Structures are given as structure tokens and as C-alpha cells.
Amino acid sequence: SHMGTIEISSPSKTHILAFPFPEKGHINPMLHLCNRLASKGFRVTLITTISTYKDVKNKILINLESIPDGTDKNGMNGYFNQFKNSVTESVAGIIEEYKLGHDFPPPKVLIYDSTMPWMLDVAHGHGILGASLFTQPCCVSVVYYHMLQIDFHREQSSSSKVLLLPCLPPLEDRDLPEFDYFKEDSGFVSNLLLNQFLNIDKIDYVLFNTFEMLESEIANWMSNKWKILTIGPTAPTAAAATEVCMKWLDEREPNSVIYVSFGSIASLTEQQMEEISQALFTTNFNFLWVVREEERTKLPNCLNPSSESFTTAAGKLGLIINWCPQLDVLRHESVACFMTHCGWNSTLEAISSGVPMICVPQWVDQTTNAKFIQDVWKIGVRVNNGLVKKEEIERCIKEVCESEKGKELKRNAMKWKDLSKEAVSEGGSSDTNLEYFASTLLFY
């Protein structure tokens, strides 16, 4: 009971590495997760490609490392095999660098994006743990697992099919993840999502950016087969909480603005932009529409400039800009509704902000997300297509923003916002699940 040495394993001397897929909808939830882990006292190193480096630097507590992009921006197949080979070697080099250094503790775990399942082999090959971060809901993820293991081929010209899977609502053909859009790349993109599950039984921690109450039935079904950890939303709560948009919104009336954004990847046709634009210039609401630089040329002729300001045909005001801080915009009192492509990150940010949506999904998980938004969570409405006509967009805007049903959708969205806040506050399922991840890292 005298003489000896105590050894203490604590967050302050535990080093977590994190590597998102290089897209903003994958980067942002990873980055918020890193901030939460650093708040518990962990040493956290975020790794990202050099072309996404500056964006991450502006948003950040967190040690940041760059790696080569590993791709040429100009075929989908050649894009991937060279990406995988490049990032495998560069992340491997980072792991050994920190294993041998003295400023940081050696890495204990790599958190990697679930679409990059070969990074589990990198982590284990270097003697560290691997945590797969799914930036998709449980419901659509299970659909990919079933596809990996029922006939998901559809003709749909000759009949309609409705698919029943355990602990999911019936899925019509338009509710399935959309891969046919990619034409000759359809099997490739399909494989990328299906292969998230190739090694799931070997992953040390399976992390989902969702919260248990939002997906109770399917999350339990998953939790029995695998010990999944729902840890979302990773973003800070609205309660707990980039200049141009905020100044404009501050000058608008409460609940007066339709916020419009189709994400950083989707590219709509010229005709589709014209339909959206004509609906927006004739509604009874103000609008804020994010259109990336490269997408500007597909706007109608009558409307290069980074931003443009409008008085609409109905006497309202509009702003087109290249970029905005979406979570701050969604939590601005001026915003009435969110016209969205229904990517999961955007969908969950809207849920955590209490904003109802007009769903205009384009591909992969966006269609399934739209199904759940309209019919399960009941916080939005989905357009009917495949060009969506201005009269159909107008119809959904009036339903969400003007009608009594719209008032119910808003109430539902405020309910789900409070439940998302419950999840990540002390005692909530996501706070509990994230502390389980953090604390067991200290044992291992």
C-alpha cells in the first residue's frame, strides 16, 4: 500500500484522427463531431484533401492536416480507383508520423467516412481502431444493406412495385434510392453505397449522424444486428448557438423567406432552373437562393456575378448568392421554409432548426429522404415530377407557407427540433452514445 506507479488514461492524452469524404455534406458532420470530441478534452486531428482544406480551416481546438486530392476533377470509375490509392497511402503516412512523434499522443482510432470502407483496413493495418461514420439516416442505409444481401430491379413501365422491408414503411418505386440517374455509372455509384456494409462486422464503432427518436423502429432493428451508435445531430443545437446573407435576412420580416438550395453537388438542367425561377419570382414570399458559380450559366437569360438582388413580380425581395452558412440561415427567424434536394446533411440540419421543407430530390438517398420527410416525420411536402413544373413548385410553396396544413408541418418540425435537442443534451440517447464511444476509447 506504499510505492508504485499509477498510469492514467484520459481524453487529454488520447488522439483521435478523423477523415471525411471530400464533399461538404460529408465534411460538415465530421467537423461538428470533431468539435464535440475536442470539447470532451480529446486531442483531435482532422485530415482532409487540399482542395477542401481552406473551407475546413475557416469553420474551425482541432489539429488540421492536409493530403493530396488524389484525383483530377475531369470518368467516375477512374476518379475512384486513383482516389482510393492516393488517400490510403497519405493517411497511412499521417498515422505513422503521429505514432512516432512527441507533440501529440499516438493515434488511438481513425474515424473515416462510411463510403470509404477500405480505410478500416488502413486503421487495423496500423494497429489502431476504426470508426465508420455514416452520414446518412438509418432508414436509407438499411435499404443499401438489403440490396447488398430481394429483387431491386424495376421495369415500372409495365406495372408498379411496392417494397416491404422490416421496420420500414412500404416503399414505392419513387421512394427507393435513385441510381438510374447516373446512366452508365449506375452500377458504380450503387456499389459505392452498398459497399459501406462489406466489412460491417469488423468495424470497431459504427457511428450514425441521426438520433434514436427520429428512427426508433429501424435504429433498434439495426442495434440488434450491430451495435450501432446514433450520435446525431453532430451540429450544435440552436439553443446552444457568412455575413452577406445574415445582413439581408436581418432586414426581412419573420417567417417571410423561402430558403432555396440544392446542395454543392447537384446540377439541374436549364429548363429545371427556369421552372424554379418563375415560381420564385411570383410567390407571396421573399427568397434566398444559393446557386453555385458553375451553376449560374444555367439560370434563365433574363436574370458571372457572385450575387444578385431582386424585387419580384409580387413585390417581394430575393437574393441569389454563391454560398451561405446554411445552419445559421436555417436558424434565422426570417426563414419560413426550405426548398431542398433532401441530401441527408441538409435534411438533418433543417430538422435541428425546425424548418419545414419542399422536397425536390434528385438522386441516391434524396428520394428516400423525401419519402420520410413527407410521410413519416411529416415536416414537408414532396414535388411530383423528370421536370417539375412551375405550377407544381408553386403548389407546394402555397401548401407549406400559406395553408393550415403548412401550420401543422411547422408544428411537427418544431416538435422534431426539440427532440433533436433532447438527443444531444445531457441524458439524451446521442449524448449517451457519443460518451460510450469516447469512454471506451480510454479502456481499449
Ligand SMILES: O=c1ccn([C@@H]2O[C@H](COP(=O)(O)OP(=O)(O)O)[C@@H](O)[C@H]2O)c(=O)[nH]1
The other form holds:
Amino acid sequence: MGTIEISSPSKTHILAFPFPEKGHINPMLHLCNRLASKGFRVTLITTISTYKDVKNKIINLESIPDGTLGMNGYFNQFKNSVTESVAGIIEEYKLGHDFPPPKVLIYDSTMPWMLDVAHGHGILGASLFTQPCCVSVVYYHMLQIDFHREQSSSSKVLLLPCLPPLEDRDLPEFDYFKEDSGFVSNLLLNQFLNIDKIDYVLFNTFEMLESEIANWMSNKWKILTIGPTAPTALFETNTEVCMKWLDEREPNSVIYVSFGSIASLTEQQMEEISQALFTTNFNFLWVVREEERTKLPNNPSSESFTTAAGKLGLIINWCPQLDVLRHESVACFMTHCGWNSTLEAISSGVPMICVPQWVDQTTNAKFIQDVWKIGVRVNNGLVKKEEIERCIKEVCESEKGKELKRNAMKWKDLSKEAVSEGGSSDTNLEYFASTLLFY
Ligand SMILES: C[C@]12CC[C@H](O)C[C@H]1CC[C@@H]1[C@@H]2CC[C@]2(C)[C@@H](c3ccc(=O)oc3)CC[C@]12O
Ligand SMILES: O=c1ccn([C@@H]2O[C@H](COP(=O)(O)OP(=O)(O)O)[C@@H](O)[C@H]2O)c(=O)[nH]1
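Switching forms now, from the form deposited without ligand UDP to the form solved in complex with ligand UDP, please provide the structure.
Now the complete complex, all chains and molecules, led by this one.
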């Protein structure tokens, strides 16, 4: 005689709340996909202005007001609005009868105040970092070593535990934001203000990729490396168009070019890249967002070209990046080195030409070229066509490039192993799921 009680994923409710930008939404969506496939009930909370985006990419979906002035006011409003918004949702779900009450809130690492919403309403908090471990620990040391730089007087090289030496150009780039550099800096530093009170510290990376620094952070804070959250081999826009075009190219013949969802290049920088791509011995697929089309050399959603070299080019406002990168036609990836684009390239075996723009993109580029050895970084600040030309020859037409390709194929296998049964990332994500079930 008695009652047995069963705690299983299908009666466990996970809340997820990304920062409303595609580089933060996308990795969180993939993680929600993996968690739902384990049987969990997953509710994704997102701002109204990103809601339609996420709806088209798909899991229960909740919208909250955008919550929005200069950078500082814009952001204090944002933090205040989403605090009460998300708190309301937790409480509606705690009294609801359909879904189970929330057990945990997975929130973006850049919204650390959400840990206080989670704990203030009696549920657990998991902080999802969308940056690699290596650059993240740079933010921690900065929050805690002199990082000022009078780059005009002398060159400095910084040594930190479990990191390669970092030149000034390898540190995170904040001066780009000029007046707002301090704001962007504090946003990334403050990720660590409560690192000791977080119930789960989640990183979208895999241990073999960052083993030295992952271990150092595992010792300090017991982090969980659970990446890549994207699947091995999201409904994005223009899928059929780009897949048909790529299906019509020769294998290993296409340079894929994209600077992500936020970065905006000067008109002179666009002219340089343009002139390189139209004279290279390769086809190209170049994503230029609608908002950036007017900065192209003197607006249609896409344009087709026969290049001066007799090759074929496609300029298009958006593509399915993961599908593009895994297409056999792609020879290499000219990228701003956002972490999602970097980790997607790694998981796809595609070598890179690094054109980093700001924040962690400079550090990622350093690791792409000198640590993982799967790409080369351009040298500035304007990057001229001849410099872009040099990097294409090196990646795509050289013995060194064949080696870079070999290195990328190795890392592709290692990230597949990480997310497969018994891999470090599969194990860490199962640690997260299983301990959510504990009494
Ligand atoms: C958070 C952010 C992306 C991820 C990483 O932490 C680096 C950050 C860079 C700065 C921040 C971006 C996000 C968009 C901005 C708010 C967006 C912006 C700028 C001005 C404004 O009024 O509203 C939004 C453009 C860039 C942005 O300011
Ligand atoms: O044409 C494109 C360009 C980018 N992305 C996606 O945009 C996301 C985030 O980009 P990233 O982190 O590299 O840099 P950001 O856009 O934040 O600057 C990635 O998941 C990419 O797959 C896409 O789907 N199609």
C-alpha cells in the first residue's frame, strides 16, 4: 500500500528567455529543440518585435513587450520591463493547470538580473553564455590586470591563465562603439557579477575545442559545456533559393560571405570586398541585408552575376547559414567571426577568412587562425581588396589551405563526437536534464 510519484521530463516545464538578437535567439532555440526532444515541456519567451521571427523558425511560445533614448536609458527601461514581464509569466504558470509549473528559467548570460527573477519566484536559474569560454574568461578578468591600452605609444601582450598570449588586436573590441564603448564593456563584464549564485552555467561550446580554459572554469564554477546546440547533419528565409543555386555549382567552388545580422560595413569596405569577389577564381554567395544594400557600390532582394573571372555570384538579403555551410559546394567562409558563425563553421568543416568587427569577434579570429588553425585573419581600419585576395589564395589555392581544410575536418568530427551519445556535451546536457528531475 502506498503512492509512487514519478518525476519525468514530460511533466517538467523549462522556461527560456533569450536576449532579443539573432545571435542570442538562435543558439537558445536549438537548445530548446534538444530539450523538447528529451520530452521536456519548453516555453520560449521573446520580445514582441522578435516574435514573428521565432515563430517562423519553429515548443510553447510567449511574447512580452519590447520594453523600449540613449544606450543607457534604452537598457534600464528594457531591464525593468522584461523583469516584471517575465515575472508575471512565471506566476501565471505557477497557478496554471495545463502545463506544469516552471522548474527552471534559462536566461541569456547578458541579462544577469534574471537570476533574481528566477530565485525571487522560487525556481532555478540557468545562465546561457552565447560566447566561447576563452573570451568569456577575458571578461571575468576585466571585471576583476590592467586592460587599458595606449596603442599609439607601444605594443602590449597579455598573458592570462590557460590562454595563449593575446596581442592588443586579439582582445575584445569595444572602442568601435566610441561613446558607448563603456556601456558595451559593462554589459559583458556584468555577466559574472553573480556567477557564484547561478544554478547552471551553460556554454555553447565543446570541451575538446576549449579544453584548457574549460577545465580552468570547471574548477572555479562547475560550468556545463553543452555545444554546439545546433544539430549535426531552423526554417530560415530563402532556403530553397540558396540551395538550388548551390546545387548548380561545382563542389568546393563557392566562397560564402556573411557579416552576420548586426554588423554594418562602410561603403569603402563594401567596395573592396566587392572588387575582390568579382575577380577571384571562385563562385560566391554574399549575404547583404536589405538595410545594407545602399552601401554597395553604385534595392532588389537578390542579384545574379557572372564575374570578371567567368564565375557566378549571388547577392541575397538572407540565407539558411547552417545549410549553406554544410553544402558541398562551399569552399570557404568569409565571416565577421561572430561566435555562432564560428561554431557553425567548425561543426561544418568549413575554413574561414576572418574579418572581425567588434567585441568577441577579434578574439575568436585569433583562435581561428592561431589556436584551432582553421582560418586566416585579414590585416587592416580598411581591409583592401588585395588583402582579401591574399587570404582567398591562401585558404583556397594553397598547400597551407589544404591543411587548414584538414584541420577543419578534424574539428568537425570532434564537435560531432561531443554532441553524440557519451560525448562531453551530450553528457553535460544530460546532467542538466536529469538533475532537473531530482527531489
Ligand atoms: C548586446 C550586443 C550583441 C551581443 C553582444 O553582447 C554585443 C552587444 C553589442 C552592443 C549591442 C548588441 C545588441 C544590439 C544593440 C542593442 C543595438 C542597438 C544600438 C543602439 C540602440 O539604440 O539600440 C540598439 C546595436 C548593437 C547593440 O547596442
Ligand atoms: O544569412 C544569414 C546570416 C546569419 N545567420 C545566423 O545568424 C546567427 C547569429 O550570427 P553570429 O553569432 O555569427 O553574429 P551576429 O549576427 O550576432 O553579429 C547564426 O545562427 C547564423 O546562422 C543566418 O541564419 N543567415
